[PDB]
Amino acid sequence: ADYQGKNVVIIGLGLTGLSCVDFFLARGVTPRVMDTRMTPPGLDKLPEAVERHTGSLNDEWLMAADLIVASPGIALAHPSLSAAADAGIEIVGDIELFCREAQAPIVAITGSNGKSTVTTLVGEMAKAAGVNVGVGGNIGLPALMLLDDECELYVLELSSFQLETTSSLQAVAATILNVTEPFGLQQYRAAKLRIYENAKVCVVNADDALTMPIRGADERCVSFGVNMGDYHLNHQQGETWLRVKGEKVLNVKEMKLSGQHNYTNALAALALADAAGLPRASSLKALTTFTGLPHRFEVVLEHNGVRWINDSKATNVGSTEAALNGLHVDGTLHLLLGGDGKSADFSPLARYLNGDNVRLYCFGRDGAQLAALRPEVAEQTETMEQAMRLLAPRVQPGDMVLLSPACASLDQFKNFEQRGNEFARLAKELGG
């Protein structure tokens, strides 16, 4: 698209709005920028020559615009933006600008849960294939920064807010991974369904009807599911396989992530990569080497047959339940639980903690509550570090050390990231 001569106004001075400033300056267009915050992050990164307005939206600037570029977020609901819309002024977001310029195929991923892991995995599948891939769309990697004539494939994580302002996306493969519960379910799902418009292949969740295109499945659709679908899980003879169009393609034991929802993330990623034309061989290889995003079933150490897993992002019971359901451990699971349980009901975890192959190490404010899940195999300490030093002498090849604590960290830690980083530091000391 040609923006020369246009009066361009950008709303938002986060990284996304900054990437929009860079985009227009590179094309000889000087935009104006505004942010309702008095001192947004990006303010001190702006070129001096870009006019800026902070502390409110400047309606005089908006109503005089030829093009408004709105950063995604609750800010899209601002009345000043509605008034501009009411007057017929064109409003787009950064992903719209990107799609107008992209010269390589786009894989587009949205959903309520798992969208970061699946996006990252598809990126790793492309990298294993030797493809010059651009991975982004998350808050920290604005899509416009990825635009490059040498890029061979883009893989984008998209939000509902981003999709609300995007009209030109024509993905080679697109998915809504799942829909669960800022606004009502109904606006939330409508935005997500836009991801399939003009998509060459739609990858749907066979177990979640809200991921199906508005008209339903059509000849563009491939599904992933737990028991059923084009891509699904096959349990037989005590083993579990990824199965694709009726053929076993990978024993899940060759992967480093486990847990059922990580297996379906793997299936969704493989379906996207297949549909984008990436080689099956390298996509499966990437599944065997992927070690996870920070704090999200992250393999922080594998040594002497023991795998140390940082799942500190599990701050509630549902997240730990998902780590445990379908978990694979050859030997003994050493499970670290504890922190501030927020007076939660921990009983859903009980069905997973039976057997001769589970030890619990419980710490933090509510550690005694967690140890009560099964006291005969549980130890209680004040701190995570004490629990780790207690278990380190006991681990043997085949074992897993899993920090999936089902609790908030805030009784002893600044946040779950600090908790996970401390786990990784101590794993390296005690397991190397």
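Positions refer to the first chain, counted from 1. So that the term is clear: the rigid core is the largest set of C-alpha atoms that superpose within 1.5 Å between two forms. First, how it differs from the form deposited in another entry.
Superposing C-alpha atoms between these two forms shows the smaller rigid body rotated by 33° with respect to the larger one.
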Given for the second form:
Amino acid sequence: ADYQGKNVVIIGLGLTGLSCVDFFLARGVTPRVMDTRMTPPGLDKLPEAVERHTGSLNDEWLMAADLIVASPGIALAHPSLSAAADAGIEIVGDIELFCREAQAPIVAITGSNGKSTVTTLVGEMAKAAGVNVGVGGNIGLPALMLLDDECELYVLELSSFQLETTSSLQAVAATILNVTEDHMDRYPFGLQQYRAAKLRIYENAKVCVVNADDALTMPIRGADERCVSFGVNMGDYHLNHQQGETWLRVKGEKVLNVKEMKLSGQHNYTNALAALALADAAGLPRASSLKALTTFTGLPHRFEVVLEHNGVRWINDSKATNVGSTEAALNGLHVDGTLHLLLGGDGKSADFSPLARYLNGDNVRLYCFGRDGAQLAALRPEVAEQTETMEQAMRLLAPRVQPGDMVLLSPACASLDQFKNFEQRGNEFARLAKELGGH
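Mind giving me the form deposited in another entry, seeing as the form deposited in one PDB entry was just shown?
The next block holds one chain only.
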């Protein structure tokens, strides 16, 4: 597209907004930028010629714009943006700008949880094929930074927020991995509204990869000829268990024993299936995509086995900051002895009820900590202990573990009551797992 001579205003001075600034500067357009934070991090990366306004939005800048480029972190519903749209001012986001310029096929991945794992996995499948693939859309590598005429394939992780401002995406393959109660703040009309944002990803997609086990991932008008499904018990791509073994199965044919993979957990096996369905639909060779499933290490803090010693697996699932993540970790969970389950932190007023139906059984112990520990111990008081901190809980369980056991940090809560971020929490869990379980 051609932006010469336009009055362009960018909202957000994070990495995403900075990538938008770079995009317009590379095209000879000097945009204006604003951020409601007084001193956003990106401020001191800006060139001198870019006018900037911080500490709030600048309504007259917005109302004079030819094009508003909104960070995903501000709502289309914010009064200033509603006022601009009422005036007929075009509002887009960075993904919309990307889609207008992308000259290679796009694989597009959204969902409440698992996006980063599936996105990275599809990227590995492309790399195994020798494809110069560009992988991004997370806050840490914004899509506009991927744009390059040498790129042969784009793999984008897309949030519901980015999708709300995107209209030009024509994915060669797209998925909604799952939809669970999250981002409730931004979706005042509930789960079907949050869903409608994610459903935009299928607009003009050539192939829709849907979750057979989550009907909210189906396209808005229902299943159609574009749809390929992945699931646990059935679907085009599904899981097969027998003789104590598990296989990935595609259209009636086993394709891989999961013992060749390095990921653990049924939900990561379904992530593998979704990734393979997307890669297949994108035209990547099956052989190299299966090879990627055997080399993919997984991402830190996502159901990550950090220690396996003396028959005890220690699993860092610190990135399970919400209930749907932990529920997925407990569903179909394979443990031969006792599960020692670490829950706690700032639960953000979540309903933890869903976790209850997994915590019966003679082989479960709960260790609950942080701000909301008491709520979590309430799930099943008989098998629960409550401490202030994760380290205290780990010291409580470490002398009790036996071969066959699993120690799972799947907190279902944010970490900010006691840690700088979930990465520090996961890193601390790994340090203590090795201190207490390695020797």
